[PDB]
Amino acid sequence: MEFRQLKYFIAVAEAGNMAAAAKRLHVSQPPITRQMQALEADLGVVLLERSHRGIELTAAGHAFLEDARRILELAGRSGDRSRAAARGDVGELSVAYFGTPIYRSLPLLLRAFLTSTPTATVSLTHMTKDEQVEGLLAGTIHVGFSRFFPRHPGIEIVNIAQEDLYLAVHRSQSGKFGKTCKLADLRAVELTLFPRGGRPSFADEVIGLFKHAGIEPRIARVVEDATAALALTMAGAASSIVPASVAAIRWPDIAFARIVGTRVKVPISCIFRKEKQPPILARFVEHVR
């Protein structure tokens, strides 16, 4: 069987007449006739008959007509599926994340991406920054989001944005601070930071910001992540410092106060393997920039 044979047969069949089929096909009589004899020979069946009315289909012809249509319909749609995949119009972007960008910044970036590529999908996985590097190099994830990525030569970092910092305290300690504050005002406050590890982290950044401001902080403890800190704060057992992403959410019993200062800010970045980027990733990277 050949594709040309199929499109001709459908036209011959639908037009119900040879001259009318030629008009639709932009082609002369003799090529059409050649393609029908070749088609009937391959199948080993007669598909067409003549009469006063012109062209008629046998039982074999009628059965083949429906299939010929489903075949060109599927072929046409399969062509589109392949071009769509080259363009990055479709595909599943595998995203990894660590730390607080997952609370607001990352989702909004995903909203904007899905909105300009509505037939794409995303998956999400929590991963340490080290896991993200390994996974990126290996191709198990396309893009990773966190704050302070360790250095690697085969990976591009893109600082998407920066975020303010907010003191977080139990509802009952609200109004000891107001809605705005400075790092100087927190030297009597026992602070719970996160995460632990020591490799460049949000905790270490906050500690450095206190050192820049010439202030000794009281760090009561470093907990495993923001969830722990927020839950301790909600339970009345702690105060913390958190980026704007976290403060954008209304958590019952927690109040926030923005820490003022030009330098008191924290980045959001994302990493990807700059080499051999599949189209869904290239489309996302072009959105990140």
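Residue numbers count along the first chain shown, from 1. In this text, rigid core is short for the largest set of C-alphas that superpose within 1.5 Å between two forms. Residues that one form lacks are left out of the comparison. First, how it differs from the form deposited in another entry.
Hinge assignment between the two forms, options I249, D89, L72, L110: the residue at the boundary between rigid parts is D89. Here the chain acts as two rigid units, and between the two forms the smaller unit rotates by 135°. After superposing on the rigid core, the one stretch of 3 or more consecutive residues whose C-alphas move by 2 Å or more between the two forms is 1-89.
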Second form
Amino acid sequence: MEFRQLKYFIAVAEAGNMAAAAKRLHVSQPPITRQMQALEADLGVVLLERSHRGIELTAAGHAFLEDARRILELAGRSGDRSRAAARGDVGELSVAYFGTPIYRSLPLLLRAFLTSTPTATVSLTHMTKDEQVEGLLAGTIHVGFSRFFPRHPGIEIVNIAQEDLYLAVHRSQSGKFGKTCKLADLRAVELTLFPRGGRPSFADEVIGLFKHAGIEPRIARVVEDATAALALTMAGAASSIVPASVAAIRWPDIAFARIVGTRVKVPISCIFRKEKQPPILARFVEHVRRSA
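Same protein, different form: I have the form deposited in one PDB entry, so give me the form deposited in another entry.
Lone chain follows.
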């Protein structure tokens, strides 16, 4: 294996074509090809099928393409890390997120950590709970944020805190509900929940909380994320239910009523690989532990 190969393989994949890839590398075709037979031989696997109506990846190719990406990322973040220790910096904490903690709870938490680790910087990437695990194992991300995490043997889950839930209506409905409400008050309200298929997801928790209180909720639809539901709510085409992180923000034409109920609550959680924690992660975990 070698670093030129991984750039060149990624080149040939994304372009779907040998001539198109000569262009974006600014080199010629034959040395790309000889570098591809170099990779293929080092790995012991055919990555590419040099065919007619383009040029296709084999199954090994697709699998590796994902990994070759992650390898160039690790090295890129590792060059930053050495420059960072040289200057006396603590270096970059690579953080990933899914869902609505990003709106408030999680920034508040990064604030607190950054305040007592003042050379530390931060990266934020939206990733699914699955991409988050792949990244933690590869080393490309140190910690991951969401609400509900399935267990994975090499990963620890910490539940930091609970956040209340809020009804979200267009501003023209503000009067109907007030500042507080009960799940019982919402049985006739048509809900747009989110996300689709993260299962079990935030929508399942919402739906579950209604069922716990003996109500089948009116579900109009399930949209990809809070962004979509908030936008539809803003446009007068939807109501929704969001965590407190979203309701702590003041969106024009959206109004919020806190749902009262000791049970009506969702977690911020994070996950991290427990095997080989770099110092910055270890420091960060000690921080979020005494936050829990």
